[PDB]
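Left out: one protein chain. Kept in place: all the others.
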Amino acid sequence: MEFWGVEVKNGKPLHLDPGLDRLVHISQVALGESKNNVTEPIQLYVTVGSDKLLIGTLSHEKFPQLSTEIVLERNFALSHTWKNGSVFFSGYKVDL
Amino acid sequence: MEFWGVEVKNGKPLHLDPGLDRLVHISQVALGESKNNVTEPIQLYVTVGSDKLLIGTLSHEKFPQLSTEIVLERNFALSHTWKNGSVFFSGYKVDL
Amino acid sequence: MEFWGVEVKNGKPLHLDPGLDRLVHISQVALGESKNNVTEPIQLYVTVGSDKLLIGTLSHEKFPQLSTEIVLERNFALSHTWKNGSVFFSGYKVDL
Amino acid sequence: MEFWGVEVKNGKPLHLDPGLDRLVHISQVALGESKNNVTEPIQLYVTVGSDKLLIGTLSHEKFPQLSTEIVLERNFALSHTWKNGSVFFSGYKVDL
Partner (left out) sequence: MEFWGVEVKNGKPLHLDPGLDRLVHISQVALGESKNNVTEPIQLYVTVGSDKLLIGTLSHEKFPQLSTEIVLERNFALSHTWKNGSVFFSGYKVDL
């Protein structure tokens, strides 16, 4: 049980690996601050072995964060559709 | 612990099997992007044997995703009432 | 770990028993579609022994579902105040 | 694992004790019916030893319930700021 987190900037897929005999457990997703205040809804994706899964759609006004239980035992990528800001993903790494 | 997820397109029941001595744990539901300004509320169902259970009602305006804990040890189907878009279900498989 | 769920129709108490050395874990609650556009908040109860406990208040407009963690080791009843529709309760049974 | 719940009526702290080598796990909080009036936000507190902690703020309009994971290993008190109604807390007791 080790705290884990990342900031995905401007949506470009961030490729991650839990490591041998580990899982990443993502528990918290948060929409970062806007520089402009042109806010469209922002889609969030986890890509695992190809399959690209929508996990949610955030907005500053209505959906600025999610409490989640996403469990990843293999290489994956996090990505989102906001070209001008960050989405924060956090949780913890687990053994076995 | 194996990441798992599916896209249910246009609501047609997707029949799934966790596998022998496995469970599917569904943790995240997300509503896909709409192509038009018709938004009807979209009902989501898990059908197990003779029981069709409503798990929720989504909309782009108010309810575009759910964080869930749905546990399936036997064959089931996922379905929804949106004839013109997708709902994404994700989570993980567990060994017994 | 066995998927479990029920439909409580028109609010009448549904009396249930987890069984010997079993638990019912209720993880998802969902408000059925309305035919009868009166609307009003719908209170949901779990009755265990002499205690009738409110678990929440649903509406089609604002609160059409809940994600819960309700654990029941002994006989109980589910009930709600909607006389003209259903509320769906689902989750799983656990041994030991 | 035993179902547990209480109704905290009006503004008075309810003092509770899990017992020796037990925990209370609070998983669901629900605001009781207001008998007409539109009411003010209601703050919820758990008091443990030297700490009175805000756990949230409920309203009939916007926040009538919470799904929680509050874990108490020693004597505590639940209280809230609604002088003329109830808040229901439920979950389960765990033996260590």
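Here the chain labels run A, B, C and D in written order, and each chain numbers its own residues starting at 1.
Here is the rule we go by: a contact is a pair of C-beta atoms (placed from the backbone, for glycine too) under 8 Å apart; a residue touches a chain by one contact, two chains touch by 3 or more.
From the options D:12, D:15 or D:74, the residue with contact to the chain not on display is D:74. Residue-wise, the contact with the chain that is not shown comes from A:69, picked out of A:51, A:69 or A:73. Summarising the interface, subunit A meets the missing chain with residues 1-3, 5-7, 27-28, 30-33, 60, 62, 64-65, 67, 69, 86, 88, 90-92. Residues touching the missing chain, restricted to subunit D, are 23, 41, 43, 46, 48, 51, 53-57, 62-63, 66-74, 76, 96 (touch as defined at the top).
Note that in this section only the chains that are shown with their structure count from here on.
Chain geometry summary: the mean Cα position of subunit B and that of subunit D are 32 Å apart. Shown for subunit A are the residues in touch with two or more other chains, of which there are none.
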